[PDB]
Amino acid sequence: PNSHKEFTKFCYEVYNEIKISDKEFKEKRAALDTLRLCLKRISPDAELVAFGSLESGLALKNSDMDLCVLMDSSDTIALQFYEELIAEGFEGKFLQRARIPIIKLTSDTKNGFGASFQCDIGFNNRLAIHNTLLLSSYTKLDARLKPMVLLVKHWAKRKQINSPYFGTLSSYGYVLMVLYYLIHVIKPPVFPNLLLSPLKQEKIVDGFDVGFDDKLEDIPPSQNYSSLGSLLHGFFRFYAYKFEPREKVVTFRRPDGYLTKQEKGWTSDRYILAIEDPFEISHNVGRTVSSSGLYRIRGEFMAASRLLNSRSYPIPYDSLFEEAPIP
């Protein structure tokens, strides 16, 4: 009811079903090891770094790898790396848009992997490596973050509100919505803001400050004793009824988490849902969200709150993950 015992038990049971298996994680590490050898051929000085969900442990079963090629010196290596992969029996796309190259491996011919093999490779994407570090740090700080993030991702995918190409929000946007709630909304806070810590030292990477208090062993445990179910209950309630998407920005650069679109200059490339990236401050993670997309997102937050506040016991908690029709 307050510690939402039956909802918490339900949440952990689902988390154990949707989290990545030991088998799948070992296969993706095997795939990274193979791809690292192809890059070594072209440049022994180049580095293939994994980032995103799998590196921060926030991945759902059957995930896609988000890789990055770190060069000191994209310059020539991108087209050269793609050539080697094609020659090694890999299928995929090479995309060259806005002077930035991307490799999208769609399949594998003759290796220890199959056709279901999907993998994205970027070049000198240093900022995404830093967002992964920040997210990893927070998971290492409290054991409730990983199940909370996975369950919100599973819910967003099932309710069809996780499509940045169809007017809704990316998985990364939901992670930042979860973190924002846990740092600046819930009382007592679940986490401190590591970017605004007095122990934070400046670190400039690609003209953005990527510094945060990363000495985690010295950060005390949370002062908030809420169960996983209670945490999720409050999250859905906040974004369903309390958060003002018209005038406010989800931010990690204000001590009280209070920031208006007017102050940011994100009024009148969309700013319908405003989520300020913690490092790339000029980037709105919610820029893909349309007005119709925001109404579906709020619509699903309200349905989630309604379910968790039903008067009719038992509560059909499974309906939270029931697949919604394609819009």
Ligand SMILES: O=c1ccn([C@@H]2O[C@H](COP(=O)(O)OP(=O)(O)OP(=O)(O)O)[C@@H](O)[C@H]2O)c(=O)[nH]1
Second form
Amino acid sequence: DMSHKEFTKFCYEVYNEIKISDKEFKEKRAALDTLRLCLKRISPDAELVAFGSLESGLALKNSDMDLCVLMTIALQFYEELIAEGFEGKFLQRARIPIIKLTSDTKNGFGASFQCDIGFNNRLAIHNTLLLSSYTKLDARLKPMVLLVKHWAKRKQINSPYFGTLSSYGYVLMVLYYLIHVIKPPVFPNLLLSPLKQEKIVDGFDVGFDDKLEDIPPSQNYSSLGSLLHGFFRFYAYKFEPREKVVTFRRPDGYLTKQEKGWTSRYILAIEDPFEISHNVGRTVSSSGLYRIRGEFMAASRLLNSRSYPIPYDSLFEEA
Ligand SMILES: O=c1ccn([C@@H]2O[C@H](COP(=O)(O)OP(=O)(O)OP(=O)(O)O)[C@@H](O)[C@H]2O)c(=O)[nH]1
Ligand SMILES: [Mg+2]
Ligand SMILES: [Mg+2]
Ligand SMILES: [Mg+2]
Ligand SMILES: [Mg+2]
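Let's compare: the form deposited without the named molecule is above, so bring in the form solved in complex with the named molecule.
Zooming out: every chain and molecule, the one shown earlier first.
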């Protein structure tokens, strides 16, 4: 596959530009160490677990950590963190308790240090296990995801709070394309594997075929450039957000918003692979979806261009 040699070259250069460095990764793991020790100072029965992009390997540089306390203790933890010289915010008695650390004055992790600490978020820990597994399965996934995230931030469509879509949402659109759209698939669907064993946590099946070494190498040999082009095209032109659900529970990836009963927020429907009642795209508005689709189409057009060379840089330019 040399269909996208130049786009691919550019893609890997950008990737090496934006990927989290090994020194920042090391700092983040040392901060987790520090934070786990502080937690162990208040209860021996509480555990501190990383999840999200740092844990699965899908992290951009200058990214925030996603932490989870596993085991009323939140308040106590919060107070010890501040006493320890950390700066942060927390609202006791919140439905979803959250400690947001925004700074460190004493522990060496910088005035810009940020992480969110949730409590008993086991589903996020499991979906992170899935994403880790897939990044282990194929070497093209990590860079593809970093590039999609970078693009979505640059284009201003990575704002859940402001009508667009979480980074996690983007990762799932990527996986779904890799699994159920592209032929041949880069990836099998690990949830639907005949070898998958059910495993119930907080009411949902988080079981998946996790025996990676028994998974055969991808029969798709496309280049990174080709995969990205195909992805942008699928969401620009083929996927129908008004009627379809991105899903990981159908052998052919076909799911209608009406079977799902997701017909009244469901502008963009992305069914979480484990938390099946959660629409990861719940934050996408009518206007946010129009802007998202607009960006998919412009990206598609850029890469379908007839001229040469193609100004690939515009793919990650602002606005
Ligand atoms: O709807 C959601 C959102 C998030 N999560 C859980 O939150 C984690 C982080 O959610 P993010 O959207 O922040 O993922 P990310 O780490 O890849 O994004 P960046 O910081 O790099 O911009 C996810 O990886 C997932 O485990 C959910 O389980 N469900
Ligand atoms: Mg994050
Ligand atoms: Mg979450
Ligand atoms: Mg097409
Ligand atoms: Mg563009």
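Shifts are known only where both forms have a C-alpha. Rigid core here is just the name for the largest C-alpha set that superposes within 1.5 Å across the two forms. Positions refer to the first chain, counted from 1.
- Superposing the rigid core between the two forms leaves a single residue from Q118, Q201, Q96, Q223 with a C-alpha shift of at least 2 Å: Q96.
- Taking the core as reference, the Cα of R287 moves 0.5 angstrom between the two forms.
- Look at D45: with the core superposed, its C-alpha moves 2.1 Å between the two forms.
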